[PDB]
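Below you will find one chain, with nothing else, as structure tokens; this is the form deposited in one PDB entry, and questions on how it binds or moves follow later.
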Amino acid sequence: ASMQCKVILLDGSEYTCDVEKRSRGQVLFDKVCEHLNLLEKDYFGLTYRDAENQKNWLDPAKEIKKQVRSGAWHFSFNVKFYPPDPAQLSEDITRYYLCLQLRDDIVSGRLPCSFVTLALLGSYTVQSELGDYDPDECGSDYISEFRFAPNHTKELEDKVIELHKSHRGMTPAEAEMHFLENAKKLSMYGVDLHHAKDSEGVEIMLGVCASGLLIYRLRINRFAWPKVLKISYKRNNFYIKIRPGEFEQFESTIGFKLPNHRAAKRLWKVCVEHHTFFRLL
């Protein structure tokens, strides 16, 4: 009358529990956050891969059964809504799980940034995890475990060490806070990127975040939520209604062709959820 679930956590470890066969996603999410002693859980969710190996958020309001057709109820715990100002989070631990996610986002190449920013962010990670630089605990080899960037230059490594040396006295809470302030200013911070085609058939990327919808073709356009009147899908296609022009005198619907109905439905859902979260709480 129950099914085993496995969840990859942000530090790489694996949470196992059992849930009732007809459990809604909420059941499992609540168990994972309890495990994590996470009170600010609303920023977070669970992803799964479907039979086409596409990533999907587990809808907490719905039976897991209906979403994951396989009995392989394997999930990944992830940031869903990236806070525009992490300093305003109530708890250090929320910020910590947030850093872990952003570290992956960087290493995986999902959040690009300057060599400069990579080294600064790296040095904050090192101060958080290792503490103060010391020539006697720190060979010149003491940061061999850390990944900082999709690609490790021995010069990135030296710059991380240089900056680490300057952070002396800094507590994890502060290393992390500094980490979050440089990270939140990055261009792709918190943007969920989706492949699409525009009306001419030119391949573009439609990003969703706290502030609105982004189009990239090379970043191009950006629609703050306040200016999105309606978000909808039909078939392969994704639509937004906006009031263009200086005085917003008319409505215009802009359309994007997505690779299939399901890609359109995932984009639409993610956009709706972001609008609800960021604009209605």
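Shifts are known only where both forms have a C-alpha. Think of the rigid core as the biggest set of C-alphas that the two forms share within 1.5 Å after superposition. Numbering follows the first chain given and starts at 1. Compared with the form deposited in another entry:
- Measuring CA movement between the two forms with the rigid core aligned, the set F81, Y142, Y189, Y133 has one residue at 2 Å or more: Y142.
- For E34, the Cα coordinates differ by under 2 angstroms between the two forms after the core has been superposed.
- Taking 2 Å as the criterion, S252 does not count as shifted between the two forms: its C-alpha moves by less than this amount when the rigid core is aligned.
- Relative to the superposed core, shifted segments between the two forms, defined as three or more consecutive residues with every Cα moved by 2 Å or more, span 136-144, 244-250.
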Given for the second form:
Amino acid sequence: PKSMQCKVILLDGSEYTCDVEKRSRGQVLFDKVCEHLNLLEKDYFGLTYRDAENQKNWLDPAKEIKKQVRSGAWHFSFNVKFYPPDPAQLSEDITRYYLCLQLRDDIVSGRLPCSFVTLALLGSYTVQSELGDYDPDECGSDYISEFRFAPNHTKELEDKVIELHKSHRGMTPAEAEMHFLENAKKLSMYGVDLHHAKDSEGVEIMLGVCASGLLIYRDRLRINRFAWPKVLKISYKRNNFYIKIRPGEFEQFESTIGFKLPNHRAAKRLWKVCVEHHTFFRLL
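Could you present the same protein in the form deposited in another entry, rather than the form deposited in one PDB entry shown above?
Chain only, nothing else included.
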């Protein structure tokens, strides 16, 4: 049996290295990573790889790893795929812990926009979790945390994190992580996966996929929202992605909204993440 070396970037930024048989399907590697992480509530998560065009792709657990990575290295990241709308209802604190780590990266990367005050508040809960109670021995007037909190750090952001950290005395890591999640879940882009596209007139839009449904970000004004029940069907053909929307009651026929993606693979990628979001959050 010939085995291939796999490298996985974990949500703490560490590397996990393991072997799988070269013909292995994605589920084999995922199960090894989740066992390494002591994770039981696994199906919120997944593995990503970067394709020949440098796009993020989800590793399909039903398909051979080699038929997905194809010409690329067997290098993956462990990520949240399906962001729970109500993290309090997760059964395990370790699940919430990994979800916090993902959201911290979503924030630092700028995928999850966040006000100044909420950046500082989330940062303060992270510090309480990682370091425990505020200690003025480590923190002077000139303190800057090792923790990345934001896409752009400023001294006043660092100061606000400390001021808020002082308020959290006695809070345990699990408590701080639950407060982090109860704040982060309210952000308008929480768990929204964004895809570049053009509308039927050729205007550049972003299509957002999340638990609640589909979002069409045309500009700061005119955000179109389709809750999953309103979405009758989704399809792709060539570089085109199509959403069928149910008619109001007493309407005869569903409406079709068409989008142009950069290429055929971007259209398939969007269709699949939409189907998967429909599939796991039809149930959950």
